[PDB]
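Shown below, as structure tokens, is a lone chain in the form solved without this ligand; questions about how it binds or moves come after it.
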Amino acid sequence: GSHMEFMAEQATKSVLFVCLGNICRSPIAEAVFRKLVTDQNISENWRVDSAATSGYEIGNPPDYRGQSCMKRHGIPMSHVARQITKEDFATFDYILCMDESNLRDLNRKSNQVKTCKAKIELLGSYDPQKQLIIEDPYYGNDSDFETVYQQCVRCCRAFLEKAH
């Protein structure tokens, strides 16, 4: 219908979720955030993605263990692992990472580019329960993936509502 039917559209917001590999934590946060925005009729106002600080996993689907967790929670992930680019720093409002090694790495990168538009933060800096670090489940088990998933639901929810 009309462009004046509802309140006037917001400029698109963008968020990129990042870990070292882009197979475990970051695709899970991406698919969690994408569900939220899709369920709330606002996916057309978001550019949502995920990427890796390194090229070790380029082209690979998500970790099968994380995929099984997400499938339990009804959010199957459809993602091809990719490495962060220079353009990403210029194009995203937010780059949200999982841990401290991630943040040091991205901070190194941010200083090699001409325009860094993005606010670079830890995702868990949004957790109302104050669990700052979202711990790597790569060497863990099914309850470690569940933990990450639950942290991602709390943090993506608070981020959506109220960005830093």
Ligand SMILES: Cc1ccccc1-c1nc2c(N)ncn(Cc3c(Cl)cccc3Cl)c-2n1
Given for the second form:
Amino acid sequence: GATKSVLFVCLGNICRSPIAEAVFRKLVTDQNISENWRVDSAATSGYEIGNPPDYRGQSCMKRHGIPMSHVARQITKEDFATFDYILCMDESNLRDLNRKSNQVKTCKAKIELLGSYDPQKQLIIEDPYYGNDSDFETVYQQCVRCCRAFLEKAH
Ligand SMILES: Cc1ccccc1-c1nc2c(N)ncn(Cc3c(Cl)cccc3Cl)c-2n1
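To test you: the structure above is the form solved without this ligand. What is the structure of the form deposited with this ligand bound?
Once more the chain from above appears, this time first in line as the rest of the complex follows.
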């Protein structure tokens, strides 16, 4: 049974958080500790529910040899009760998660910016919805650095 859990969150769960989830899953799978972890991603919004990751994100993960398979889903009340960590991308995500967390029965989760783990101090993982392939590459690299640091030692 899993003993550790992380939910990556962004606005739509189509660009940033599916990438963070996929990067993190590859780390724990390659280290044969995936059975210890629950890894997932979700949206603050219901707008994209059911949709796969953005093809720019799919292309970026294919180039880097990272498996990614996801259907967008909106965060639920249950998620605040069950996850150890909710790691989000930007200041608006953090405000939205903190507001929802204050209105549910149980908040087990520590809610933090994923970028707070970056040794290169690029705090915000910026929404690449209107962005180019370079902007997706920047997001991927932020996720690589932050996910490695989080797996090494959680705040
Ligand atoms: C369109 C937009 C303007 C300012 C800041 C963010 C976005 C913005 N980023 C988005 C992203 N990464 N993925 C999907 N969408 C579609 C969407 C819309 Cl149009 C409206 C409410 C929620 C969502 Cl999810 C995004 N919209």
